[PDB]
Structure formats: structure tokens, C-alpha cells
Amino acid sequence: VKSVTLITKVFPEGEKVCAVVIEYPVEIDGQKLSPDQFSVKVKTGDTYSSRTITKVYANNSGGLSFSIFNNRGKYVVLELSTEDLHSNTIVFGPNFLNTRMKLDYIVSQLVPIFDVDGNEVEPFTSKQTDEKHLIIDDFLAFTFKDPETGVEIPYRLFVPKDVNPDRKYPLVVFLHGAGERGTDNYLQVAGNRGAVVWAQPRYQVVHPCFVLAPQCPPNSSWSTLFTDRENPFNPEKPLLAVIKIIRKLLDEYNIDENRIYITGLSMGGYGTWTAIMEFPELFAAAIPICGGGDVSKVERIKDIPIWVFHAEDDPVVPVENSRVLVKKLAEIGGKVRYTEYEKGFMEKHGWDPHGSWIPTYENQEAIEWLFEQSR
Amino acid sequence: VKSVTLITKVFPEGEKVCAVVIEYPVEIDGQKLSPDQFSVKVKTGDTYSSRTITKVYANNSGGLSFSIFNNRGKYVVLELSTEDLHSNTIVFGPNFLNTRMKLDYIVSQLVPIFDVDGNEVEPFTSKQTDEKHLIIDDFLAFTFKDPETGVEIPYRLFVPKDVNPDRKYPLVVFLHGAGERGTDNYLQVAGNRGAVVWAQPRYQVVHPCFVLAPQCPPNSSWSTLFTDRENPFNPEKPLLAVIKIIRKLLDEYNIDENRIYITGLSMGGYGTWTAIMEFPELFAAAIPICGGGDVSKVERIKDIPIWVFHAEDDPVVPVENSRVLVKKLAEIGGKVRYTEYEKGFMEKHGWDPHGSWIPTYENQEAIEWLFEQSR
Amino acid sequence: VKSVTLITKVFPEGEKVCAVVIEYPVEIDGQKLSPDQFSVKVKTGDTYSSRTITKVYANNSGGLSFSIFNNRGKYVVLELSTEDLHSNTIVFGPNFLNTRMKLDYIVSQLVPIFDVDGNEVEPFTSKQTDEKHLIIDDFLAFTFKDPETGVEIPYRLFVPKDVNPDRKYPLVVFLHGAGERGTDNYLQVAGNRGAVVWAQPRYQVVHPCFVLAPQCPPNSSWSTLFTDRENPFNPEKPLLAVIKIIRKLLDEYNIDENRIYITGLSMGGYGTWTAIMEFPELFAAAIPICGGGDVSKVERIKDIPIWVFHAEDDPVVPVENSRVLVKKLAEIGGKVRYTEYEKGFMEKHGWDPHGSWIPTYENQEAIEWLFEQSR
Amino acid sequence: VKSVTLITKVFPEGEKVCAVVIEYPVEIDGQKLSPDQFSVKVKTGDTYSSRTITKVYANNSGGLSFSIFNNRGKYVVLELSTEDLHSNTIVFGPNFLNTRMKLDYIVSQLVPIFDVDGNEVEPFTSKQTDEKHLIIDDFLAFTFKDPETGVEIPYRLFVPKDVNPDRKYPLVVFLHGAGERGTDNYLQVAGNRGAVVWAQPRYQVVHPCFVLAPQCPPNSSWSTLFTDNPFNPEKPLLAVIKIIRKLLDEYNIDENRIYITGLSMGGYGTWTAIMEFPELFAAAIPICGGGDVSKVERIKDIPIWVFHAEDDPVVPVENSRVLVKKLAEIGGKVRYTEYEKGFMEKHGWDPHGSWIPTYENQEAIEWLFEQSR
Amino acid sequence: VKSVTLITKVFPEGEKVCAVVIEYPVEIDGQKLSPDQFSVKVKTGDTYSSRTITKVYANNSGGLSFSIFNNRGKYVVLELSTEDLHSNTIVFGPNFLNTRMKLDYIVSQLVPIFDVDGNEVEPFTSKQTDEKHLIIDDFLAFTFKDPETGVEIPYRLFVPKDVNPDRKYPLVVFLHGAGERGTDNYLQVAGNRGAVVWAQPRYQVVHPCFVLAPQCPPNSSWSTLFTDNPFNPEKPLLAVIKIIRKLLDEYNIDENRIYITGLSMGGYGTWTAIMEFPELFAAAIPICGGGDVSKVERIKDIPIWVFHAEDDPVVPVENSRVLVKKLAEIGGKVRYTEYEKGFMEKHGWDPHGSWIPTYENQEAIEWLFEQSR
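These protein sequence lines are chains A, A', A'', B and B', in that order. A prime marks a further copy of an entry chain.
Residue numbering for the first sequence follows the deposited numbering, starting at 21 and increasing by one per position.
Residue numbering for the second sequence follows the deposited numbering, starting at 21 and increasing by one per position.
Residue numbering for the third sequence follows the deposited numbering, starting at 21 and increasing by one per position.
Just so we're aligned: the fourth sequence equals residues 21 to 248, 251 to 395 in the deposited numbering.
Just so we're aligned: the fifth sequence equals residues 21 to 248, 251 to 395 in the deposited numbering.
Pulled out of the complex, with its shape left as it was, chain A reads as follows:
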């Protein structure tokens, strides 16, 4: 048996282990396979618990790709329920700092299975061999040293593919929330669908597009939110660092300066507002999700298309925070939109009301809308 590969995918609520792919020395028909032949367990933290297997099938790809036409291949897929308790890869530390658990699995083929050549492959158990992160392992990693400050910002960058280099494509920059702050250069891309959505085939196929995901570094913030109990709206070192890495990106890549979009939640949201306000010239449009908020400075962004999102009953970042801005924006001639989710609506869907970014990145309108903005 060649390998056992854990597969992760980023779901609205974060990255989860979503399937396990086993590479058999020979092919195998899944025409005959079945979930109860197999066992998948996660360690947390000193015991194992069962992940529940929803489907089973085989292919030669190695992906989650399945055809009712050729249910055979050296790769057997074990698709797992995303509703499982320990499906997440990120445990929520307290304060505002999550951590992503070194992944720990054990898999078993419990009974013999019929192979195509054939006819009998003997039961095995194995810890994993491989992680393979969907729509995360496509972002290159780079660190950046702000030559003027010292501050080092890790960042992940998605770069379109099969795409004529003689055109220029947009850039969606993503600022993450306090929870993904860190140093591992991974959290920012796995915390929620903030960076990754823009990189999904479904969208790339109609709007290619770079994505940038800077990670901002445990003890600080994008804005001066966590660095100044005086006023949280000012540009902090990390945010400035990032503007420079946008500039680096412009320099190196067929990036259309006219369509630099920015978005982020919480700290990343506060951060979006600050970015556009301290650099009105830089960005084509913004989606700030549950942040704030320098009202004196809305005059600058009067001409930037902006869709705001906040849940009414968010108890971490008060909704008044977004209302103040939108209200002032609108009366001033804005160019602004605002979906504010109803009290309960979030809970109703199984979401902390603070996680207002979740329906947001699942909004086809918002994404389509963002791409029709330009300068």
C-alpha cells in the first residue's frame, strides 16, 4: 500500500479534514467498495475519535473526483462528514489567537477488498503519510521584510494559471481577523474562506485574478486596534508593510493597477477601512466585514465602491461600528452598499453571530459585484 493522504478543504467555518485517499499498489473497483469496510480516526489530544465516512469510491486522479463511469483506480477515496465534532484543524485558543493542531490520523482497511487484477487486498492500519490541502496548496509562500521598519510579514499569494501573460488581471488582497494572527503563514488562509474563495475554479474561470493573504504577527494588528486604546483606526506597521508588498506585487506581475480589491473581517475589517482611507488612490473597491471606523476620513473614500457587512447581534465588534460609517458615507454621496444580517439569522444557520464573514463569502452577488468595479 503506497500512501495514505489526508485531504483538507476550507469550509465557511475553517479548514477541515474532508477526505482520506489511499494509494494501493494495484487498481481497485469501488463499484464494490463501501464505508463500513474502513475506519478513520483523529487524535484529540490523547485519545482517538471516529470521523464518519459518508461515501467511498475509486479513481486514478487522486482527487475528490468521481465518475459513475470508471469507479476503479489505484486511489481509494474515503469522504468524511464535515459535521463531525473533531473535523476542524483549528482549535480556538482564548483571547484572540487560534492555533492549528499538528494533524494526527490513523486509518484502517478493516476487511479484505476485491482488487481488479485480482482479487484480494489484506486489511491494514496506518497513521497518515501525507497532507494535501485543496485550494490552499496553490498559494505560494513568501516572507517580506519592511526595509523601513524591520517588521516581517509572511504572505501567501495565488497566481492565475493558463492565462495570457499579455493581459493584466485584478488583485484581491485579504486581511484576516485577530484569530489568524501568527507566524506560521497558514492560519490566514485556513481560518475562513476569505482568501481561498477568490481562488476557487468557479470564479477563476470567469475572473482571474491574484489573491494576496498577508499574515499579521501575533502581538500586533492591521490597524492600531490592538496597539492603541486611544484610537484603533490608524495604520499599524503590519498594514503599512502590506501596502509595500502590494507595490512589490505590481512590480513583479501582470497585475492590473485599476482593479486592486481589498477585503477583511474584524481586525482584518478595521484594517480594510484604514487601508482605503489612508490610500484612497490605491484600491478600486472594498468589502469590510465587521470592523470600523474613522468617520472624519470618509470624505476621501467618497468615490470607492464599497459593500459593508455586519451581523446585527455581533457581540465582539458592535454593529453600530459599521452603521456609523455607512450612514456618514451615504449622506456624503457615498457609493456604498450594506447588508446587515438580522438578529438570530446567524445562530439560525449554526454560526457565531460574530462570524458575519461566512454568508458574505458565500454571496455570489458580492463576488460578481466586486469584479465589476474598476478605475
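Errors might be hidden in some of the hints.
Here are the simulated DMTMM-like cross-link-like pairs (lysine to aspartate or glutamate), alpha carbons at most 20 Å apart as the crow flies [unchecked claim]: (1) B/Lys348 to B'/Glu388; (2) A'/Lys94 to A'/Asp150; (3) A''/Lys75 to A'/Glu332; (4) A/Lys29 to A''/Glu332; (5) A/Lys348 to A'/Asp182; (6) A/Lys181 to A''/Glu351; (7) B'/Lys29 to B/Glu362; (8) B/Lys368 to B'/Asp104; (9) B/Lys368 to B'/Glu382; (10) A''/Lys52 to B/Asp66; (11) A'/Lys75 to A/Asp333; (12) A'/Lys368 to A''/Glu99; (13) B'/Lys268 to B'/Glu301; (14) A'/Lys75 to A/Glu362; (15) A''/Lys317 to A/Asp182.
Please keep in mind that the hints were generated in silico from the structure rather than gathered at the bench.
Once you have looked at the hints, place chains A', A'', B and B' on chain A.
The following block gives chains A', A'', B and B' in isolation, referenced to the frame of chain A:
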């Protein structure tokens, strides 16, 4: 213990008691509070039944506002399930006349609770002290005497706030259904989300805007629906009265004559159609929900933007009623839209199929759409 | 007792028997009727199973029309749950060929019922007397002999009504999937909501419109999908036949040549792509649902408005199939849209992931969108 | 169709319709029969409501008797569920007087069924052509006027079948049950398993015997219970003694095994019967009643097994305690089975209904019969 | 309000709060009373938690006694559910030593209630003014120091009421239960129905008798079980014999029906008691214990009924087998009821807890009492 305040909010299906706020002489941390410490009961009609408490928390506001940051305050909030049987404030009388039950509650703190100062507040029970109606207690009340007829129409009016008086804002006039007919000048604003939606922060913050809610007076109707088994489409005294109170409103207030929107359901819907047809000049746009219907007269409204709404299986006001109008409108060059909800769709969501206004006022498109109309 | 009429309606997932209407010699008040007075059973195949009755009511129409105002009439309606196991009329044969079961019912009035005249109608049992197919029995049937080939294509055609003959209306042509291939000239109209949606009152009332539903004939396909394991994209005899029957339609009917829309799923989808590519001049706009796919030939359709739909996890027609086209379209200047449903999304709603046409025809945007296209 | 016959059967809780037996003009292959092919509803009292069909079959018999070896033919039994809400024939009106609603049933055959050669059989609907009461229609009915007190007492009498007439058999006398006071000469025997348990084959093959169920008229009691102190003979009980004498005169009954048993008011009834005629009876099972403890000496020699649920809310458990205590301390021949609080509610029975598990206690039955003089 | 009184009752599983009795200053019409009108919570140990009110009413009594005929007045009983998680007064600490948390309850009347003339009665909240322990507060408490071994033994003693003093009555001696070792003179009698079953009216009206529940101090056992071989008398058991003698000296007790019974360690206790003083006892029910099989000859003549669950994970079922086997082969007078694997888990009891169904087995009770010398 200073006070016990019932809080009502208008939900799609009507006003419900949604929380109870207790004012304690000292502050209290909810960091330590919990639903099972407390009891909330409603009288109906000679016995009490339990309202079920979903959350518990404390603040200094007095509102449903909660921060995971300062779960303390002289106000303790007891949030109640909106799914409870006797959560409504309006019992449906038979015929077509609802009544709103004088509200009758009793609340108890069942065990001692730790205060911040501290440390021990002793169990109590109390009937209520206060009602405090969210997004209803913002509409001023006024009665109007139609000097030409005699007819007295009570009305509630919402008036934007924090808003430059040197600009002019729109006016959304709301005509309610037979069920809210009356004299108490409350029903029209609590029957459903018809008046109140337009006054929600989420919308006011991007389109300020007056709202008018005339109440029409038990034995009559907006159109001659209930006053003439000959043809129901003609302007009845109440509807005419109202046009005059629009005129009063224009006179007194920075109301933009170009953006007078009108909407209503059933009798209020029939009434919307009549209003625009007998005063094509007055209104910028209309949303008529399950009404009718003077087809001869569609030529006048040929230029008014109109979105129609009716559920297919409404058994009170037949759907053909809306189809006839829309059909004739469209072929004539309308300027019309039409969402007709599928048989079952309503039931499926827990709604009488006659209550087609419910998804409607919960439609972001419809609201956004209404505000981009003007003359 | 005059008659017992089975009523069918086409639901997203196919035609189902949805109610039973009994014609009584006298009138009857349903004011007093009730489901438990009655029994409805289906044969499958040598035993009967219970259909579950959700409502009961009476009218004089004979339709599913109900008024809380006149719950009386010679027609008693027995509305049945659409969630029943043997509610469908089509059993899925294996391979790619469904068949529609000759319908077999037995109904009983189990106890006496009070009539209006009155007062006592005696229990009965009866097999059915009548089928009466909603929004299917409106399409005329015609067969066509392609004079150049020999191929005979049956087809169903919907023709607007109450509509000025001096204007011209659009034509929505529907190509069905392999499953509805056949000869009975019915399957194509009952397999899913593909033809019928466009004929629903809700839409006809705002966009009248012909609908054409050719049926393509067991051993073949619209494109050369099933007729050439070399390349599936070429025009097959049936598809060509159909273009000619469009021409027949133009000739005979007030059909606006500028607004000939085309749509279809699977084989019908493959077929849509081919149609527009081999006749760029003929069609105003297209919605191809899970098909393919001649990439070399996208240059021709560069100017046709097109909304593509495919579910990510469709295992019959791979999603890459639609992505390839959309991707190439877009970079070439398309005029294209693309909703690709998320892995799981379908299953989540109770739908085979291959049935991506189901949310699609239930999309108000897509329908509204289609009608604003023209030449 | 030749007929549709209801079948009643006395369950611990009382009488119930528990089968509908449908008589065909041919022979039906029950092999292929199914509950979902029929429907049975009971009118109450304005509307009808469904009865749950639990099983189906197919004998030549006509009784609720089924054999896996021939599931055929002429007769078709539909067994109904006894957890159905409207399975009770008796409805407790608002008092101590229940009543037996005349039975109203409609029965339909929903689909064609295959007969034995098969051959379809085409659907029908019908009201019932028949009632038929198991074991309960096996008790002869008689009335007796007290010659004496005018006061007429209806009785039901079970006679052993078909056993050697030149021998004497025991007599079991049952006393209901304020609930069953009346005139129909039916309530006393349908209220519960009071009189019927003795009559079931399972007990009759081994202790063949007569059983006597008189009926107290309304507005009276067996003891002076519902007149007032409550323990002296009332007209009705007096009259019953005479009926016993009448039966001895008329029947081969063993005078040394006349047993008495009763149930609530019948239970008072029982204690009074024995304390006032201590010579007459060989043994007694008073269930949740009471009686004169100043007269316990009189009965010190009769085997007695006393039954009462501790959480009884109608007849204070205390009434048995006092008697049992005094009895045992004075020499005895007494038994006591005091059901624990909760036990009754645990088994779905009103805690006053202690006769329910009692008459179902095979040890108590066998015990009674081991008595004599 | 005059008072709020908790009511404890010994359930097979141990002691529980099962009613709160609320004393008004007027008379309440229980007819109109409802569970949803009150709330009762038990503090444990930091927070409180809800108790389930299952029933409500309304007597002048004060006990858990209800009559449908007057649901009134002064006193109001709220019965609590015994399937509640925190219904146990005793919490098993981590060992063979449980403990009885001082009872902490808060009780509220949520709505006005109609009194008998009615007349509202206005809501209140209160902690408890009272405990009150059913049957358990009917055993006098005494201590005894061994004059002898210093070793002090607390005991509870039940005395028959109110029966003829010029007669001798049996004595039942109960031995807990490592769990119930202590000093409070309460655990032995609350752990389970060990001592109380004998005291319930249902058994007392028919076999009136004394019962003795001594308490083994902690760190000891009745036999040498928790010292070490485990079958010889320990200080505690020795002392208890003397208490028996003391009671005979002090009380009208029939020396020919002194019965011994115990339960786990008390069960060892029992086998040791009899093998070391074979003259003293008339019969014995050892429950899941063991003992010296080399000394079985000694006891060959005492009626004994042995009980033990086969899947016991504390005291190997084998210990009873060996004794019962040797006993029967040697002449006997022995019974054995070995509960099948699963039976205990089927009924919600720890398979070690075999005393639970045993003390609930009315056949075993009646059996013990049929013994003598």
C-alpha cells in the same frame, strides 16, 4: 429592584414579546448568569404558561445589546424564544378583525444571584412594570379629521433622525390589511413588518425616509372592498382621508415629493392599487401585496414602477386577482415586476399562504429596488 | 358519482400525481370534509401503497383552486403529499432511458359525507376515470418528418393565450436529457421542469412566449454524444431536424425571430452548446446545463448572452466540461455567466448532484435574465 | 359479503373491540393478505376515527385463531390494536357511573384480494352486521326480585362446560365496582376482568367452576357504603346471598368452595359478605375496599388474600392495613399484597385500579382454589 | 407561609428527596393546582438545578397522601421525579465510603393560586424550613461501646408499633454495605432498602417486627474482610452480637426468630455471624458476600436464602456458588437466586447491586418470616 420591562419587536408574523429586562439597584455580572435562574410567564387568559428563555446577559444600555466584553450592568436581559406558543401579542379574532390582548406577565428570579459590589441579590417575583416596543415606539401618533367627510383616521409616522433638514427624504406610506383595522392606532404597526421594516436601522442608515401608517376604521376599508359588493376597487373615505394626510405631511416636513412610495397587503393591497390608479401623479412606485384590481384603469399607471407579490395558493384573495393586473400592465408597456410564490412555498416556511407579505418585506431586492425609484 | 380524476403537476424532480378530484352528482361542503374520510392508493407494480392525503376541500372549478369562502361544490379535491415514495410517474430505467408507468390508482370514500342538498353520500371505491396533467396538457403535440433525412421527431409546443396576434413573442426551445429520449412524446415534458417552467402563469403573464419541446428518439442524441465515441459535439440528425422545426414555427406563428432562446440539460446540454455553435445566427441567448463542449468553436458564439450551470460534484457529466467552455468564452470577450453549485449543495437539498437543472429552473434571476436578451 | 362481525374481549382495563371478522362467499388466501388492504373505523360520537389493524388472516373457524399452515379461507380476521384511544366500549361518565355506547363501526376492503384459486375479490365497504363478545356472551343472564325487598338484581351466571354433572364444582362470586352499577346486566361483566378471569379456558381446564356476577342498581351499594357508617349489608348484597342459595338449590355446586371476590365498592361488599355470613364462604379476595374491624373475630378462620395499591386516591390504603393488621394479630389466615407507590402508574393503570394486576396474578387464582371447608 | 418541608424516602437505589410539602396559612383548592405553578431546585454544590415536579395536591394530612375527594387544603405536596439526576442524598465518594450532603433546597411558588373560597394566594420563594425522612426517622438511634473492645457502634432500632406488648416479636438484623461505613448513624439505613423494607406498613401489618441496623466504623469490616483471609469476626460484628443480647434483655423479642441479613460486606458479615454463632439465628439472607466453606457443617440446619448477580464485578459470583454447593450436598436447607448476566443492567442497576431486586422480592420476605426454632 427598580423595574421589569417587557420588550416587543415586530417579527414577520407580528409583534411578539421577545425579552424581559430587569433593573437592579446595583450592577450584576452576567458572566455568571444563566436561564435556569429565572422564570417568565404569560397570562392566557386565566392561566399562565411558560415563555422559554434562550439567553441571559447583562448590560447598562437596557436594550437587547450585548458585549462579550462587559457582561455586567444594572440591567439584566432575559431573551425569550420567539417559537413559543403564546409569544404573539395579537390573537386572530374571526371574520377579519384582530385584537391585541392587554399584555400580562409575571417574572421571577428563582435563586440568589451574585452582584458585582457584592455579593447576593435575593429571589423576587413581580408582574411587569413596563412595556417598551422596539421600532414601534419611534412612530409618533397623530389623529386626523378629514374636514370634508368627518372620518377620523389615526396614524403613526416615522421621522428620520440625525439627518440634515436641508435635504428632502422619501415617504413610504403603508396600508395594512383588514385584520389591523381599528381605532387603537397600534395594530397597523404591529400586525406584520409592513411599516416597521422601512424604519429598521439597517435601511434608515442608507435610505432615510419617512414612514406613514394610517389605521382604517373598523367598519370600513381603504378601497370600497368591504363597502360595496358591486365593485371593490373604488376609493373609500379612509383612502381619500389618507391622501390628504400625505398632503399634510408634504406641507410640514422635508418630504421629497418625487419619492412617495406606497405599499400594502390585502385590503391594504386592493388599497395600494386604487391609490396609484386614482392619483397616478402622486406616487413614484408601488408594491401591492395580494390585492386587486381595476383593469380598465391600468392605462394611467403605465409609467409607475411596480413590483407585484401574491402567493399562488392564497385562498383569501385569489391569485388571479394579481395576474389579471400584471398581465394587462405588461402588454400595455407597463413598468412592472412580479414574484408569485409557488404552491406550498409558504406552508413549507410555516406561513399561511395568504401571508405573502411576509417573505416580501424580508426581500432585500424589493427594498433596494423601491428606493431607486423616483420622478 | 360522476368521475375520479388523477391530477399531475411537474415538480423540479419530475411529474408526480399530486391530487385526486372526485365529481359528485350533487355539491358538497368541504367546510366539513377531512383527509381521514378517504383513501388513495397507487399500484406498484402488483401491490398497492398508500398515498398520503395532506388537505381536503371542495370547489366547482375542478382545479386545485380553493377559497376559504366557498368550500363547497360538485368537485371534491384530495391533495396528496409530494414527499410520498411512489408519487412519481417515471421510474428510472438503467442505462439512460426512463419510462413512465401506465398510471394505476384506486380511491375510496371510506365513510358517509354530508352533502349540501342533503344530506348523505354513501361510501364508494373506484379505480380512476381520468388523468388531467397540469401545465402539460397545454402543449399541443405534433410529429415532424425531416424531409431530407427521414428522421421523425415528436414535439410538444406551448402557444401563448389571450395575447394580441399583431405582436410577436419569443420562443424558448427545450432540449431534454438522455433519460427522456423516446417516442411517446411525453417524457420530454415531464422528466423535469425544463419546458413547463416557461409556461407557468407566473411567467407567461409577464413574458409570453412559445415553448418547444422536441423529443429525441431512443437510439440517438441531440449532439453526436451517444453516436460517436470520437467527438460528441457535432450536430446529430435529431438536432438538425429540430432547427428545421424552429423554421416551421417561425413560418406559422407570430414568433419574434430576435428572441429565440435555447436551453437543455445533459444530452440536452451538450445539444444546446452545439445548436448555438453550428447556428450562431439563430439564437438570442442560451442556458446550457451540465453539457459540453466544442472549444475550437467558441469564437462564433462570442456575442451570444449565455448563463452556464453545472454542479461541482456531478459524476455523470464532469464539471470540467463546463469550465473549459466558460473559461475560453470569458478570455475571448464572451458575454457569459456561470453558476457552479458547491460540492454537497445538491445532496444537501435532496438532489442527485447530476440534477443541476433543478435549482436552475427555479432561479427567478435566470428566467428574468433570459427574457431581457434579444438581437 | 356474508357478514362483518365485531369481536369484543375483556382486557384487564375493560372491554374492547379487538377484531373484525369478515365473512366472504369464498375462500381467501391469507398468505397474501395485508393490514394496509383494509380500514376499520369507530364512530364516536359524531365523527369516525381509525382503528389500528395489527394483523390479518384467514381461517375456516371464525375465531381469532390463526395457523401458519393454512392461512385460509372463508373467514378473515382483522385484529385491532388495544392501545387505540377509542378501543373502549365503556366510557366513564362523570361520577361512579360508566356506560356502554352501542357499537358503531364501518369497515372497508380497500383493494382487490386474491382468493385461494385466486381470482380477485372486489372491494367493499359495510357497517357491522354483528357484535360478538368473547367469554362475556358465555354467561347466562337472569334477574331476581327480592321477595323480600322488591329490589331487582340482574345477574350473569357462568356454568362449567361440558364436565361431569354428577360432581359438585366451586362457585366464584364477583362484586364490581361502583363504576358498573346499572341495569343492563352487562357492565359488571365488562368493567374489567372481575368475573371473566375465572371463565378463561386456561383456568377452566384445571379448576372448572361456576361464576356469578350480579349487578348493583344505581344509587345503591353492596354494603351501606353509598348510603351511610358504610359497612352494613345493603339491599343489593342481601339479595345476592339469596341468589347464591338459589344457585345451590338449582345446581351441582360444591357448598365447601364458594368463593367471594370484589373490587372497590365490591370490596367493601366482600368484607361485608363474609363478616355477616361467615359460614357461607370458603375464601375471599377483597380488592381495595374496607370493612368493620370490630367484627374481625367472626372471620378469623376464612382464608383471605387482601389486595390494595398504596397510593390509592379513591379508597385509602389504610382501610386494608387496619383489617389485615387486626386479623393477623388475632390468629389470621390472611394475605396481603400492597402494591408500591408508582407501580400502578409505572404499568399505565390508575393507582385505584389495583384489581388490574390482581386478577392477572396466577398465584392468587391457584391460591383461591386451594381453599375449602 | 408556615413551612416548607422536604420529604426523603428510601428507594431501592437509596435515599431521595421525593416531595416538598408546603404549609400555607390557609386552605388551598388543589383541584386547580398545577406542577407548572411551582419550582424546586437542589443546590449542588455551587449551582442549583431543577427538580422535576410530577404531581400536585392538597390535603390536611401533611403526608404524600392524596384523595380525589378532597383535593384540599392547608398542605400542598409537590412530588418530585426520582429519575432526576440529583435526587440522591448520598454521593458515592471514591472508594468504599459514600457520604450524605446536608440538604440544600429552594422552593418558589411562581403564580397566584386560588384558595378554597378563592381568593388568590400570592407567590413566594423560600429555602427549606424542614427535612423529614420517611420510615427512616422511625428508627430510634443509639450507640454502644464494647466493654470489651472500646469500639463504639452506632445503631438504629425499629420497634413495632402499636402492638400487644405481652407477646414476643421477631428481630431482623441488617448489615450494610462497605459504602455505608461511618459514624453518622444514618448511612446504614439510607444506602438502600436494607433495613427499611422490614419496616414498611405493608410488611408490618402481617409480620410486625423489630429491626436493627448497626453501623461499621470506617477502616473496618463486619468480618475480617477489610483487614485480612477475610471471614473471621471483626470487632464491629462481635460488638453487634452483644447489641442483639442487649435488645433481648431490653425488649419483648422472640429469640426463635432472630433473622440476619446483609449486603456486600454485610454479606460476608452474615455468613460470619452464623458460622460463629449458629445457635443465635433462625434464618439468614446473605446478599453478594462470601465465607468460610470449611465451616459449613456448623450451619447446615439454618434456613438460608442466598442471593448474588452472576456478572458481579465487585464480589465474584463464585463465592456464593461454592457455599451453596457445599451446603446442599451436605444436607442443606439452602436457597439460591443467582441473577442472570444482563438482568441488572437491563433494570438500570449496577450488577453488584443485587440487594436491589432481592429486598424487593416479596417471596423472599414472606419466606424469612416463615422461619423459626
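Verification of the supplied hints:
{"no.": "1", "hint": "B/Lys348 to B'/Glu388", "in the structure": "holds (18 Å)"}
{"no.": "2", "hint": "A'/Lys94 to A'/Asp150", "in the structure": "holds (16 Å)"}
{"no.": "3", "hint": "A''/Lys75 to A'/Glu332", "in the structure": "holds (16 Å)"}
{"no.": "4", "hint": "A/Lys29 to A''/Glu332", "in the structure": "holds (14 Å)"}
{"no.": "5", "hint": "A/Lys348 to A'/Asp182", "in the structure": "holds (10 Å)"}
{"no.": "6", "hint": "A/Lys181 to A''/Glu351", "in the structure": "holds (12 Å)"}
{"no.": "7", "hint": "B'/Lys29 to B/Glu362", "in the structure": "holds (12 Å)"}
{"no.": "8", "hint": "B/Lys368 to B'/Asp104", "in the structure": "holds (16 Å)"}
{"no.": "9", "hint": "B/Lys368 to B'/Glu382", "in the structure": "holds (16 Å)"}
{"no.": "10", "hint": "A''/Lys52 to B/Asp66", "in the structure": "holds (12 Å)"}
{"no.": "11", "hint": "A'/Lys75 to A/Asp333", "in the structure": "holds (13 Å)"}
{"no.": "12", "hint": "A'/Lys368 to A''/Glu99", "in the structure": "holds (15 Å)"}
{"no.": "13", "hint": "B'/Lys268 to B'/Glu301", "in the structure": "holds (17 Å)"}
{"no.": "14", "hint": "A'/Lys75 to A/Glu362", "in the structure": "holds (17 Å)"}
{"no.": "15", "hint": "A''/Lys317 to A/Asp182", "in the structure": "holds (19 Å)"}
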